[PDB]
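As you look at this complex, bear in mind that one protein chain is not there, while each of the others sits in place.
Chain nomenclature is as follows: A, B, C, D and E, assigned in order of appearance, with residue numbering initiated at 1 for each chain independently.
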Amino acid sequence: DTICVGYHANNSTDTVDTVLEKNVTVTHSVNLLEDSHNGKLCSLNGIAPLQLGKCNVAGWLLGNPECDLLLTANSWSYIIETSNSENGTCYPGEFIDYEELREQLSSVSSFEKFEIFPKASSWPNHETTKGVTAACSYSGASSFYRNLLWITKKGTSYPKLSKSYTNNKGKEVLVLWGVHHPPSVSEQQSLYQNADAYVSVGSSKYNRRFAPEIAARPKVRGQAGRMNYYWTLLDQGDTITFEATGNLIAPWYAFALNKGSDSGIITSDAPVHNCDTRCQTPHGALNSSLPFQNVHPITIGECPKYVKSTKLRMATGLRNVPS
Amino acid sequence: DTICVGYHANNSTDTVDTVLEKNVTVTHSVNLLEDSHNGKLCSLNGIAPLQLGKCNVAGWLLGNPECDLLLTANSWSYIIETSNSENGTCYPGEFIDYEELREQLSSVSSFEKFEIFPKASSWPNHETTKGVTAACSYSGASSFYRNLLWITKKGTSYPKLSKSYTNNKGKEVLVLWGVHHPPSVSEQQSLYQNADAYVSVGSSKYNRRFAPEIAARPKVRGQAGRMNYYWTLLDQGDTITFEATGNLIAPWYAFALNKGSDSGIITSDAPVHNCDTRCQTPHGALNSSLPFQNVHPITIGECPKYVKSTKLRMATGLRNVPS
Amino acid sequence: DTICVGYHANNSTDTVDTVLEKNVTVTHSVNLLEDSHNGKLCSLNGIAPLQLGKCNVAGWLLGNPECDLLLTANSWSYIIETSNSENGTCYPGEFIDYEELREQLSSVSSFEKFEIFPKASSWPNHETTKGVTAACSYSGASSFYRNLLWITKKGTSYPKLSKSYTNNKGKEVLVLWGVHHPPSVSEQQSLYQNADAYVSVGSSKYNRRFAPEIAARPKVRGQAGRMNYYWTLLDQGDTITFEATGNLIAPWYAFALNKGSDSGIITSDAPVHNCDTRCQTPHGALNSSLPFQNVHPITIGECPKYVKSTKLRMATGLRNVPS
Amino acid sequence: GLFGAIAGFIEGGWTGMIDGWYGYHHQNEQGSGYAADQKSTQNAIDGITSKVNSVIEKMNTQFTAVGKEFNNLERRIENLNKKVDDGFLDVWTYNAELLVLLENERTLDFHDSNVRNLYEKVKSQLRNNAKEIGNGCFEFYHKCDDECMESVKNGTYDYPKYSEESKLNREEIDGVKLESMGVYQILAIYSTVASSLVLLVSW
Amino acid sequence: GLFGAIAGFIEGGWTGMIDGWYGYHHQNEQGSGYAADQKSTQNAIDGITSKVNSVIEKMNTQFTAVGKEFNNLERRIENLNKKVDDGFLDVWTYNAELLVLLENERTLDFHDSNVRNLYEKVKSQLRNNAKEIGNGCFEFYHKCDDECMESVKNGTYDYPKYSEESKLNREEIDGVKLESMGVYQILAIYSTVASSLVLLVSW
Partner (left out) sequence: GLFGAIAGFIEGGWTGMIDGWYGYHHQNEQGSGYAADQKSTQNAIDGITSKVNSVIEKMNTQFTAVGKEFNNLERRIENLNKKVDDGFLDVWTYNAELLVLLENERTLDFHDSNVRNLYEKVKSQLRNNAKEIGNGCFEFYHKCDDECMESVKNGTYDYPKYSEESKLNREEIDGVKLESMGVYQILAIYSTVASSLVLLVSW
């Protein structure tokens, strides 16, 4: 009789690497790495996301009328651009500080869109209906943006324009506007009847005098002129004044904004579904508790951390050695 | 007769956490982390740090007469703001490149203030003392900055101005000036009587033409006019030429600068005492040689390193196991 | 008999430090850290680098004829500056966005310099040769950049200028030009005989209206006027038009560009030879496979990794303890 | 610090053991062993569980990080951002793999030390009995039932209760032919030789 | 790597010991022990001192990090600044905590190793005397005063000085004395004649 002493053994074959040795077959282990994900993009914390489709963000906020379907959108979890998202600006030009605008979008949650200057009332001086381009056409019909307003003269006449606007909505208000210029002096007089012209934008902290330019250039989309774009955050209290002579693209819609951080500009093309998670990638959604994520670095939510490895098995057990 | 072999034990109580077990009672240990600070802000190496009190940096440098007390300061350990420092620019406008000017101040230790152009001598054509407003008022009087000079016409008669200065002080000299523009054209002619005007500044590396603008805007502090601010470093050798017609806030003092690094713009509110340490926080001074620090990340001086935990006791000894 | 058991021993002397002890002599060790290098600047994988000599990058791309020597240079591995490289702009002004232009050259490998506008063809309206300063002199003779062109009047008459150019070369095209302005209205008319002036450049994504300025300023190199410089990348396809009145420095050459990244602006003065390595520092080239490097951080190509230590010997063996 | 017990002087494992990680195999009068030791293995389970929970605790959870945007003039800032990202990525993958490797070394040696400590504890409470052989196996000079087995597994043995029979039993095991010759030396064989001398002397 | 000494077979600490960390408790005829070993505790003190000072040495002192400022158009840059600072703070706090934990494991096992090495060195020079019992205690078959105890503490023993009597003690503790009892085995009476035969053959 004897009391021979020994340890447990298994039939398992998961291997853990150590420093002194590779591929050690251990009894029991525990994973620490993730790779599983659906190919779906679910809502975050119950709140639906937003998809633009074939729409750049700038084309959406200006209301490029190919982006007409998502007109009544007001609340999102995170904005999804697509690979096919290309309807930016219809009229050729330049949207100044587009990047800074996109990061100020990254901490807004919802909207209150409203008429700034009511088109039937605010303009008792000028023809506000004979201005459109065929380059920004829509189903054949010559069309225009949905938040702006082209302004024309009224029968070889121009009263000098001035207009204020006040904030009394508590939250901050974002206001856009634009400046047109043609490439020829003849067209410049043909629309505006002024040798020189100027606008001025002033609130308290933004202030600039704008003046057009007239210069020939190769046309794009059948248009040789250009149009620049500008935008400013307002505050409660402080007011804004526009004062125009020749080249005004009048604001016609504003936005009241809402806080609540962590918004994203994830670009993917996986479809949208209607479950709920706490983590979201371009390649899918996650559901885990291991502290290391391997799928993709760009995350939204409370996600575990991105690494660049393959196998991170941690051994909790013995050297499984048969006899 | 026995020779039993044993080990030291204690009534020690302090616990250290190891990996395999929490709260293990050790005979001897040593802390590695700091918590203690005074509520006091002492001299760094004997030099008293400059406090601004209720004064913004630019309001000090242009010399708001609100900030009259700390006028003849010329050296510091570092620079202290409080949360009530609001007397910056009394007259509304824009101080361009304020942050870069703050950063250049972060490596300068001491000043020499001096007249560039004497108020009584250098200006034999223009009224020098009849332009000052009530928006920058001071104790009933209508006042103005202490380092600049408003310029007006001299009785419906106004020569074109041009004036130079050469640097001959070896150290780098800082120059500030400003451009007023009124909001209305009749006021522009009322003060200057030039339909157009311009100023220009050239050194060797700086060259800028300024034109004013005139436009209406909702008033601030009883003023709808505006006034911008511009600044330029110089070197030993290179000169500066002003060529000004109509809108010039003339410089009236300069600053011979110095080296002497490691200057900060700590904003706090704990008062000033007179010890001397080698570390400085917005919450107090520090005095130890433990390498880890827990109070506050923003430091000035040779300071131990900021982490984000609470307990880092290190065990030096045995498990206190009585019997 | 006995079967006494002993370990190996040696006469080796080198020491590895452990945590518990300094200077422990180990029988066998291995170093991990590099110190030694030739003082040579060899070729990366066949292709030699380009030395500038007394040549600034800006002076080269403008073709300052001090740096006439490297006229035919069109392919390199990387770019070498020296401490004596000082010939940039011979005419005083400001090469705008010099850093950004340096960064875009940090991934370009080779060119194809060619005439944009031939000297005696594209300009049958102006005098093409009689304006050249002596400030950019060569052997005393009033000389000028070899890549641009000064433009004068033509006998008290001066046509409005417009000129187009297209790209049909399948790569990106790099284009330079400049704007002169003199200090006096006298020199303005005497050069150009137009009180107003402007130029205008536009392709599809660049669009700017330049206007001169006229102001007095202290002269540099005997010139009280200045010249601003500008540059633009083109695309395959998209074309460029210039429309100028009276202040033009027209181009005379372009650059067809080639990819191939990993090239920089390493400055040193250690000499050039023609070996082949796969790592290059300002003090010389490296040759090992150890994972740690000590000589200099600024490295070109695959290099062992830079640290700030002096001794990283790793013990592989026993404590060399004799009797 | 491989202590040389597992795959050492003890070669293999036990498949027939089920319950814990550390156990015995008695081979007494009736029945056989493979009975676990739930006492010591509980400490192992608690320590490893604390270890794993601590490692999961020391890593944080990052929050929403989105790629940013630039135009064609901000290239310095763009490479700056890219450099920051690849730097932090390399640092965290370095930390992760290095940490898991060193933990795996130390946990295998923790199991080895537990095995060896149990073997030490067993042999310590058996003073001069059972004449151990090989891979930790014994003999038990005195014969005893399940009860002494269970006692020793509970760390109780009462050595003087068995010492005298085991001492005699060891000594008769220590007797090889010394049960047959007992003249305090090679004397029993030796006595016969002198007789021959006396018989030849008086012959 | 718990070697099994601290709270292992040796159960408790000693409140009575004052000077060092590792001691002796001699129990001869006059007085009791509680005397330190200043030799081997000195090495451990020096090593732990070296360890602490090295850990102090490898950290550095951060210099004057000042908050920066930005206007409302440099939001990208300011977010980049925040991401940089948060990442580096996380890196350093992780390295600090992990360093402290692994050091604590290793230093407790260092003390364990010192205890075990001392006990083995004691058992080494006392080969077969003193019949070690329980939690590290010894017996001394032969009797000896403070001088032998001091020599033991100096690691000197001159063991063939004390062998035979202690051997005799281990003989007289463990002698089958019924087999001798003065005279048995008829060997004494019988062998005497042989010597008489030898004295006859010699003469």
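Throughout what follows, a residue touches a chain if its C-beta (ideal position, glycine included) is under 8 Å from a C-beta of that chain, and two chains touch if they have at least 3 such contacts.
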### Query
Among C:11, C:72 or C:157, which residue is in contact with the omitted chain in the full complex?
C:11
### Message
Touching the hidden chain in the complete assembly: which of E:11, E:120, E:145 or E:158 does that?
### Response
E:120
### Residues from chain A at the interface with the omitted partner, ascending
19-22
### Touch residues of chain D, complete complex, unshown partner
1-4, 8-9, 76-77, 80, 83-84, 87, 90-91, 94, 97-98, 101-102, 105, 176, 185, 187, 190, 193-194, 196-198, 200-201
### Message
Could you pull out which residues of chain B are in touch with the chain that's been left out?
### Response
97, 99-100, 103-104, 233
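Note that only the chains that are shown with their structure count from here on.
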### Query
When the centre of a chain is set as the mean of its C-alpha atoms, what distance in Å lies between chain A and chain C?
37
### Query
What whole-number Å value describes the gap between the mean CA coordinates of chain A and chain E?
69
### Query
What whole-number Å value describes the gap between the mean CA coordinates of chain D and chain E?
21
### Summary
chain C residues touching 2+ other chains are 205
### Where chain D touches two or more other chains, by residue
54, 60, 65, 68, 102, 110
